[PDB]
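As structure tokens, one chain now follows by itself in the form solved without the ligand.
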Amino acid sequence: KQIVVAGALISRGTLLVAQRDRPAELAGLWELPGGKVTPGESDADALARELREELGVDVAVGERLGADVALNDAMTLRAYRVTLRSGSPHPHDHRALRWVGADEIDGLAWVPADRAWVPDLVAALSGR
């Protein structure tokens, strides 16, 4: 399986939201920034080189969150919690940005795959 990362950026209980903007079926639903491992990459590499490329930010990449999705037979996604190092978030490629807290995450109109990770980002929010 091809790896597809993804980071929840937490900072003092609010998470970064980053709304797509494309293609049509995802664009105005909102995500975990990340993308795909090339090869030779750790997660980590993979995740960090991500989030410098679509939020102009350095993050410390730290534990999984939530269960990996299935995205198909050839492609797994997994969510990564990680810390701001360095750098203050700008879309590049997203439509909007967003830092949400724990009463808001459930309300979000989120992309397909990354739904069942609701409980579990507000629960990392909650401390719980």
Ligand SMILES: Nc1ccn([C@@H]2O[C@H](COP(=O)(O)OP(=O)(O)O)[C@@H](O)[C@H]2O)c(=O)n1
Contents of the next structure:
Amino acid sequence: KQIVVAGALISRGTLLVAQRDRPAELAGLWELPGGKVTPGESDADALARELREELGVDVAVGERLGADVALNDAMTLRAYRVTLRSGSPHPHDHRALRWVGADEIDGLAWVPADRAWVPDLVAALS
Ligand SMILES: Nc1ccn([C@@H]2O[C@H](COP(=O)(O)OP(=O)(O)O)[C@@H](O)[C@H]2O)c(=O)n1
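Taking the form solved without the ligand as the starting point, write out the structure of the form solved in complex with the ligand.
Whole complex next, starting from this chain.
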């Protein structure tokens, strides 16, 4: 399968979530930001690159967070915890960014695939 990596950026005990702007099916819904691994890249290479491109921040990539998600027959979606080395995140690509605490994770308007990670995200914040 092709891998899509996503980052759980936790700063000051809150989590960064990112509101998609495209495609139409997911626009307005919220996700862990990331994107597709390209040939030759490690998971950490790809995820750091994507979060530089998408958020303008330099992160260190940490442990896995929650289960792999089988997006479709081609693609596997994997989250990693990341931590902010430097920068403040800005939405280059996304409609909006938000910092959420444990009390907001369950109720958030997630993109379907990411919902699997809700307990794992609540735990990471607590
Ligand atoms: N946290 C995320 C990130 C991507 N995805 C899915 O993974 C696919 C690839 O993600 P993407 O479009 O952000 O990838 P790039 O265009 O950033 O490389 C998309 O179709 C998303 O629906 C997801 O379900 N959850």
